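Take a look at this single chain, the form deposited without the named molecule, given in structure tokens.
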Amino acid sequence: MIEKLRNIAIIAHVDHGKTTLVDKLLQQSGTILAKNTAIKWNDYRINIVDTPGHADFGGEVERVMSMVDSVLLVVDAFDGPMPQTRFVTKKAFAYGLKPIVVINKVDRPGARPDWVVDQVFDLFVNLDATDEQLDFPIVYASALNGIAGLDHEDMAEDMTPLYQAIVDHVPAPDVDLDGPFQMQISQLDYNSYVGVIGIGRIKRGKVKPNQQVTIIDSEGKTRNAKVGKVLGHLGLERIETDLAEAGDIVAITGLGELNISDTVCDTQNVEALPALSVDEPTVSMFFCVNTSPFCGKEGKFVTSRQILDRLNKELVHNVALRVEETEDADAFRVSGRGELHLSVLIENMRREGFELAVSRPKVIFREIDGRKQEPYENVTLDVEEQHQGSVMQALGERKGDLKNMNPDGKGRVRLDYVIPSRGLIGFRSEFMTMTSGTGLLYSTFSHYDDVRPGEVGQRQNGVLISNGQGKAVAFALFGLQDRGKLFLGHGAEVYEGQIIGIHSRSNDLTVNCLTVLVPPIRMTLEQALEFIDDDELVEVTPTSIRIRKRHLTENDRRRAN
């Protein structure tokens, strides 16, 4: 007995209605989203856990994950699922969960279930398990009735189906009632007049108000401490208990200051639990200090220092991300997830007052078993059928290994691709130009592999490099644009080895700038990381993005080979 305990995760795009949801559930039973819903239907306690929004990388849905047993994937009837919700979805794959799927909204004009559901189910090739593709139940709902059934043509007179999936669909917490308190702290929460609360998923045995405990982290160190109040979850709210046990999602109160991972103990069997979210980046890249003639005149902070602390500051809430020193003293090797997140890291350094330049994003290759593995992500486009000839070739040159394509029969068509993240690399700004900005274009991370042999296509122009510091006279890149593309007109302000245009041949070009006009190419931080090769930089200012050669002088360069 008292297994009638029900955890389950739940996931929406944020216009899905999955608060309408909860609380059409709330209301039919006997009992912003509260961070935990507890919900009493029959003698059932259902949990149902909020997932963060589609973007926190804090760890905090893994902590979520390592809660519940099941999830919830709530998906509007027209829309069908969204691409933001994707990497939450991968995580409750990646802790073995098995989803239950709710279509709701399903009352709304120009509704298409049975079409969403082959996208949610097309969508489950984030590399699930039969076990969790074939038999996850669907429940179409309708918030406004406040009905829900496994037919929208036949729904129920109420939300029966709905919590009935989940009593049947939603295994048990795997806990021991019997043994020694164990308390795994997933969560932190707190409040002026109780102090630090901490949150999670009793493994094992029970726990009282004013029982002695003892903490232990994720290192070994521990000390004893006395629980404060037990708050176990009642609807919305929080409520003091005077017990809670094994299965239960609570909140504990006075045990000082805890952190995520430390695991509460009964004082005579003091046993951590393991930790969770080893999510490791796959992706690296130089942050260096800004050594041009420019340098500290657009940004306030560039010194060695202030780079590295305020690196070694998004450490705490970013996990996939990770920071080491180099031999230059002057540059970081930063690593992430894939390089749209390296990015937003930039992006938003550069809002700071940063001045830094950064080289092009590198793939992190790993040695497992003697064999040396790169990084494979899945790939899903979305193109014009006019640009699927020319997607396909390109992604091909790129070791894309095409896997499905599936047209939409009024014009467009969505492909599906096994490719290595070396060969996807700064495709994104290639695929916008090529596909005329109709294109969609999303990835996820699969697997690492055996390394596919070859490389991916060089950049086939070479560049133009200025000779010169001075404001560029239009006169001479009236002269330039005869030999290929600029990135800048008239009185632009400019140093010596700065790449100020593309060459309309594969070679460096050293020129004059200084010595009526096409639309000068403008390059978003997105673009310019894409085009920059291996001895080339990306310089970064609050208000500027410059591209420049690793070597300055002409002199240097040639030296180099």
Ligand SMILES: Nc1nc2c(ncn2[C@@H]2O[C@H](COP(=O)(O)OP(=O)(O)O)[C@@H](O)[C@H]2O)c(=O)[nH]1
Contents of the next structure:
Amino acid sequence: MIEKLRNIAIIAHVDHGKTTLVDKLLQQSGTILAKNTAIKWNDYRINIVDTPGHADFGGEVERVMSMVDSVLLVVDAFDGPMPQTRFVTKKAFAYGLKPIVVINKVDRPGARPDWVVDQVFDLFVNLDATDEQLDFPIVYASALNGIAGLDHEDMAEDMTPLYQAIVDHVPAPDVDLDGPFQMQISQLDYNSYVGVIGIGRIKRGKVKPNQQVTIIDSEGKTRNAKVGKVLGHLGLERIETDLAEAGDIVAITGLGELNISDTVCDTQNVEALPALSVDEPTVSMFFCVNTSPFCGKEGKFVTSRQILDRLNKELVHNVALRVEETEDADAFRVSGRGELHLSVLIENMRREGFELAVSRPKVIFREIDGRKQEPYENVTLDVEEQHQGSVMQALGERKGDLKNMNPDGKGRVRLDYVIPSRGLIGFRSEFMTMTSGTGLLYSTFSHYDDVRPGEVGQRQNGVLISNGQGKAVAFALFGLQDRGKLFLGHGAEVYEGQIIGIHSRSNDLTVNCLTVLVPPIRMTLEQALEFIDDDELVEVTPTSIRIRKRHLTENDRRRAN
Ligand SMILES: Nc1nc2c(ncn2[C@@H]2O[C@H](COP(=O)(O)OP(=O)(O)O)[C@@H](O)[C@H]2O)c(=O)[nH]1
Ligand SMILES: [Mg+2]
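Please give the corresponding structure for the form deposited with the named molecule bound, as opposed to the form deposited without the named molecule shown earlier.
Entire complex below, previous chain first.
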């Protein structure tokens, strides 16, 4: 009784048809997407909660997973599952959800249902439980036709098989209807007429308008309020309801400025629901002021405790990152998920008009049970077979453990590896030019395990360091090619300590370029950032980043050796 409820989330890569699919389920029932679509189908109430784009480090995904009891993975019948929906799927498994895989667009010519089944199944290499991987039902669809079926040759005349699968395989909400009222805010919304809107799935009890209630946050603070309106979902809309009970995904009004993870409880029996997720950062990196003599050249405006507050602004757009204070009052220890995470932060921190010095990314070590541990992660690589012998030995040098390989049959091959983040850092740069830029690479954090004894091979080559400040002349640069490749041509402005090229030998060579050329080496942010040794820093400015030593003079460098 009152358990005909099906709270399910939906995951789909762009243009894989999740808007069309949900739309068909709506029009064929008794009732861009909406955040939640309520569907009445034969006295069943199915809530389809939407998942955000592949780039949402705010932590909305895990909030969504906290409201649903299953997830709906929509996959193109030809393209198969995309690595963009990787993490959203990962978090679904992390919340112990058993997925329902919908392979739609089955009507397109060359659709390979059998193949995309394997791909999805293999994609569940997300340390996914047997329970999750075994018996995930496969509903084939053609959303643009409104047709579904358990087989793709044998298809129903409507979306009935999909409805049935949802009813059959999605568990009812694990809630008690008779307990005292309890509801955690999962998402927020606003209406200039209604005010702040709190959205979530009622964990316990019931709620009516004008009900007296107590709000308790994650730390333990409490405040009393009276709910104004209880908005239930019906279609793509929200209507005022006189009663909402456990299991219902509803919207509440007039509780003031609700914060996410606040728990709305009956005035007595105030019980805060546990704060849910946190993506522990695995890669640390230093953000420093531009100590360089080019302090305010192109960099619009930055002092010490200026960009610091910007490192207190990105702190809620993402909780996978941390920001700590270093002894150097002009440098800060900011950590994150991967290197790509901290990378793009800079990329339009640059377009934001900033200038900063940044070290090389290092993995965050953790000591557990006396044994130090480092982050390992799963890597899938898609290269041409002319590169497979090359990229294999490369990862092997980076302490990569081979787990699986699968030839394309058409000249390519997909490789799978278990590798510590330590050895994977800055490999994307080497990888691309190694595979001539046709190869592809994807990564996903797996687990912390005992550190692999040893270190990753260092840069081997030394660097050409400028001894003074001035304009680089063609007469000197031509003589420098006798000892390696350089980073600029005639006319470029350089200072002392700045690295201008790559030494042919292993040692650092202090050279002057002040007293026609071969094409200079231009490095992108990530390409350069993978070139950096522990005694160096990248200097980033809104038009182009440059490279330098930590200690600018040759006198200071000798002391630190
Ligand atoms: N041929 C074909 N096209 C489809 C099917 N389902 C959806 N589409 C098309 O895919 C395009 C984008 O799908 P959409 O619903 O927006 O998916 P979303 O972008 O992930 O929300 C639309 O133009 C649809 O016409 C299908 O079963 N067959
Ligand atoms: Mg669209």
